[PDB]
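Go ahead and model the full structure; you've got the sequences and the hints to work with.
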Amino acid sequence: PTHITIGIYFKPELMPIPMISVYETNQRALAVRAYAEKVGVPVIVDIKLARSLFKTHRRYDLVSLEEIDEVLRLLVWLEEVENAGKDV
Amino acid sequence: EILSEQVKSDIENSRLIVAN
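Residue numbers (my numbering), protein chains in the order written: chain C, 1 to 88; chain P, 101 to 120.
Please note that a few of the clues may not be correct.
[Said to hold, decoys possible] Simulated restraints, written as ranges between beta carbons of each label pair:
| id | chain 1 | residue 1 | chain 2 | residue 2 | range |
| --- | --- | --- | --- | --- | --- |
| 1 | C | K86 | P | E112 | 16 to 22 angstroms |
| 2 | C | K11 | P | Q106 | 33 to 39 angstroms |
| 3 | P | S104 | C | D87 | 34 to 40 angstroms |
Simulated from the structure, these hints should not be mistaken for lab results. Positions of the beta carbon are idealized from the N, C-alpha and C atoms, including for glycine.
Shown next as structure tokens:
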């Protein structure tokens with residue numbers, strides 16, 4: 001696939017582990033990006049991570065122990081980043 | 101067009117999208 005788009009669902013109020021919400025390649029991947037941008041859902045261009053989630057997981061999986069720590073680091077990072085901009 | 105309402109919904113409910 002020349003383009004990849006993997007979506008992460010995470011709501012700890014409901015469920016402790018994150019989930020693969022979106023899974024698409026090529027044209028559909030481009031459309032997912034355009035739609036997340038339009039609708040305000042953050043897009044992180046992380047090639048190694050995109051590539052390996054694509055290889056290891058499928059739509060609607062829970063994130064497995066192999067990749068969980070990396071995904072969790074991204075999620076904490078995003079929350080911190082939002083918080084830095086939430087007081088300014 | 102190319103994304104169904106299901107996937108749109110799935111995007112809306114995601115924390116993030118990881119892309120290459």
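Hints violated by the structure (listed by number, smallest first): 2
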